[PDB]
Every structure is written in C-alpha cells, then in structure tokens.
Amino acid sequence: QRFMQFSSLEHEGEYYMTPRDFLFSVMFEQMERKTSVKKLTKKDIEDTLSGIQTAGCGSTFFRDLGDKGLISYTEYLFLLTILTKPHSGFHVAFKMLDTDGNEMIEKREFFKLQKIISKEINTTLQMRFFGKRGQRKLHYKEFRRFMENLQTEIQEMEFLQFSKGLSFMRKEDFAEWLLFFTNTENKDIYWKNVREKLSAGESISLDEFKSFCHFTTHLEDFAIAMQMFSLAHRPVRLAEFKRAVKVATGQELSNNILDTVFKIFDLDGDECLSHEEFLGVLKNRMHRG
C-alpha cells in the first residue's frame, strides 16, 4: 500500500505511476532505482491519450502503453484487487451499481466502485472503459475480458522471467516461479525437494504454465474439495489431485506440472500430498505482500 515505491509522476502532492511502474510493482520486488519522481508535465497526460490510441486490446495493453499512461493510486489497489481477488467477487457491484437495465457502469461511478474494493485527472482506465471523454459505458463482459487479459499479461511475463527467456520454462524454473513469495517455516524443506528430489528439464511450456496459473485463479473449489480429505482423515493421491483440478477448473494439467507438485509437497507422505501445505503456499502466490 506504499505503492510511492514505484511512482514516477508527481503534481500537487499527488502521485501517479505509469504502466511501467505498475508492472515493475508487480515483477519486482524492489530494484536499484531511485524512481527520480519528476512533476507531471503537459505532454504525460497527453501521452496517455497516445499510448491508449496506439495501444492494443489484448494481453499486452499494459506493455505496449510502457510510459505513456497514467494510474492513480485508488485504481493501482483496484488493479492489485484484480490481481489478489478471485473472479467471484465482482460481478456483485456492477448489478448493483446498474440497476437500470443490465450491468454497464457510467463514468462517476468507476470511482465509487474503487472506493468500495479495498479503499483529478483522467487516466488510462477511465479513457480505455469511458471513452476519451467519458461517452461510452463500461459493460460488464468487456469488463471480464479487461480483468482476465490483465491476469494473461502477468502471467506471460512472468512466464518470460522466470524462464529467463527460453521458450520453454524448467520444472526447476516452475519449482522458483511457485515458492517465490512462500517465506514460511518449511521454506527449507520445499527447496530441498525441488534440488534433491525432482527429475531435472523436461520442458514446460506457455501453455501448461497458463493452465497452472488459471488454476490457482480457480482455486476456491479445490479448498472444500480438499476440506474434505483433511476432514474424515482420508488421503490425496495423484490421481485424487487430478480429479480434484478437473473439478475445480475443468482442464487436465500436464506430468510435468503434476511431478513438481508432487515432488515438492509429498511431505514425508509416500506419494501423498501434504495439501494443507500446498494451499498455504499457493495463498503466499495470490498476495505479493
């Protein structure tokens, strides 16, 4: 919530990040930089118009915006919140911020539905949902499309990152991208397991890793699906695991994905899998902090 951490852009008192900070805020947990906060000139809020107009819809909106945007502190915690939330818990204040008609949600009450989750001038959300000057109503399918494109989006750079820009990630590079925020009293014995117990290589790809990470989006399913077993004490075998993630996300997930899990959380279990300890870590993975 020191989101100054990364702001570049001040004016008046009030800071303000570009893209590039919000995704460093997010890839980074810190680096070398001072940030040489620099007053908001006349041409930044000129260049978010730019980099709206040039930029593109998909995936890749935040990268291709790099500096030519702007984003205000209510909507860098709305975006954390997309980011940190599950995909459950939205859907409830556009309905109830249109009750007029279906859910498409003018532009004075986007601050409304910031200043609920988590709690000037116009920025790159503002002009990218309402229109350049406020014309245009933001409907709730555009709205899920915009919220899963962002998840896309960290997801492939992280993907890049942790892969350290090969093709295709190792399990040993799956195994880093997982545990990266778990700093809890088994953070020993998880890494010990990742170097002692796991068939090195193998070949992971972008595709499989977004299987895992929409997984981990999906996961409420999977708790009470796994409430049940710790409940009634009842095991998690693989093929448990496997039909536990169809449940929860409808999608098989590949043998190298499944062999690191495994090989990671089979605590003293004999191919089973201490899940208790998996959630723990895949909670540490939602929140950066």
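Positions refer to the first chain, counted from 1. Between two forms, the rigid core is the largest collection of C-alphas that superpose within 1.5 Å. First, how it differs from the form deposited in another entry.
Only one of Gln155, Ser205, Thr216, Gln114 has its C-alpha shifted by 2 Å or more between the two forms once the core is superposed, and that residue is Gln114. In the core-superposed comparison between the two forms, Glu103 has its Cα shifted by at least 2 Å. Taking 2 Å as the criterion, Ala248 does not count as shifted between the two forms: its C-alpha moves by less than this amount when the rigid core is aligned. Core-superposed comparison between the two forms: the Cα of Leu138 travels 2 Å or more.
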Second form
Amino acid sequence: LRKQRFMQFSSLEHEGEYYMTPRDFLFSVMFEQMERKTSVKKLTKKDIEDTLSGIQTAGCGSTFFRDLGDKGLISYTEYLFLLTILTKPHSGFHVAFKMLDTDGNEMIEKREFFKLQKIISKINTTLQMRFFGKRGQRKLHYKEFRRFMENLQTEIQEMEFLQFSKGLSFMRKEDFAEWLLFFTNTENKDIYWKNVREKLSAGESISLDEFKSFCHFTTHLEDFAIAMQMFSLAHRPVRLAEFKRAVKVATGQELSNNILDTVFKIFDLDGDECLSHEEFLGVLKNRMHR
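Starting from the form deposited in one PDB entry above, please write out the structure of the form deposited in another entry.
Below: the lone chain, stripped of partners and molecules.
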C-alpha cells in the first residue's frame, strides 16, 4: 500500500478523495516525511477549476512541477503512474505509451488514460489538462509523452541535486553520499557513513551533468545486477575495471571519476579495492524504491 503515504502527503481533499499538488508530489518523492504535518484544505468544485486554470504559465520543460507549486491537482492514480515512470530506463517510455494506446492509433486519448483510474477503482486534474485539455479535446502523441517523461526524470534529478548540494553549484562528494544513502537505514549503515566521513577526500566536486548520468544509471539496475552476478559466478573480484565494464554493458555510457571514486570509497568494505557490490546494489535499491 502506497495509499497511506499518498494521503499523508496530500494537502487537498474533495468528496472523500485526497489529492496532491505538484509541490506535494515533489516532496513525497524526495522525502520520507513532512517534517511538519500538512494542513488538508477541502475543495469545492469551484476551488478545483480555479486551481486548474493557469497551467498556461508553467514551463513545458523540466520545471513543470516546480513552476506549478501548489497550483495543481494530482490524483492517487496519477501519483502511482508518475512513480512508475521515475524508475524506467528511457527504453521503457515507448512501452508505457503503447500499453496505454490500446486502439493502436499512436495517440493516447483521455478515455485511454482513464483506464488507469478504472484499474484503481476496481475529477479533472493537472495531468489530464496538460495531456487532453479540459473536455478531452486534445490527443497525446508519443513525442510529447516521451518529452514529458524525460522532463519528469530530469526535474527530480535537478531538484534533488540542489537539495543535497544545499544550493551550491557543485555537489561535494559527501553531499552525493548523503543523497545516495538517504533512504538507507539497514544494519550496515554505520560502516558506510564511517567511510563517508573519513575516506571522502575534498577532491573533485560533482557537477549536475555527472549527477544526472549516475541517476540514469540507476534505472538500468536489472542489467547491472546480472553483470555483477556473472562476475561473482566467475569468482572475479569487482575492481574498478570490472565495475566500469558492467556500467558500460548495462548502460552504453561512462560514469565520472569523482563518482566512481566515491562509490568505491564507500563500498570497498574489505580494504583490497574490491567493491562490496551486493551492499552497493542494496543501497541503490533503497534509492529506487524511495
């Protein structure tokens, strides 16, 4: 049940149903808790129209949710849909599009998007406005579906970047470690944090682009874990060259040296420059499930 967490972060209510604003949604993705209890404002059908008219001025790029802030509405169905998208590699976007386009005319119509709500059940919202207009006039083609999902992932990574860099232009290596371990509360966490405090040099700080590349790598964990298991079955220790080639096979791309160095300082638990890759994968899975 993610429904308890949805209603904990929801700041809006209407006719027994709870809703997030885009601000609510962003916070539920970055944080486990509130930090303050959120006040639930009841909505009339007149608050809703008011809260929906205005999607004109938010940005059609990677600041869409941050521009809207409290001026929008996201249903439980839509919250679950957005959460699944955040975990997908880019190759999963077309699959998600085609799953929803059940008549196969290469466009998603409001009626097809409504299937998600019918799954949940077995009224107008920010996403339905953005995708279909107020009466379902508009139809959503793949290229604006794909761009929205790319921009959703980009927006979370930019917001988390500044959250953990505390506003500075670059992420210190230990700021990246704080992001990486933020959802990790397991029995070995004291060892990770000891390594952060004592082995993370004040070396080359991490750029937004380098951070984005790591976040993209976390969506290819399935192939990465298979590669890790094949090294283990081969009795080959995962040193930096092994890690690099598994990253490239799972990904097609490289990770930057400051990030590779941070991963190994945190998760080289034996002191022989081999990665405790099972523990690393565990923390990565903590991240993905948020």
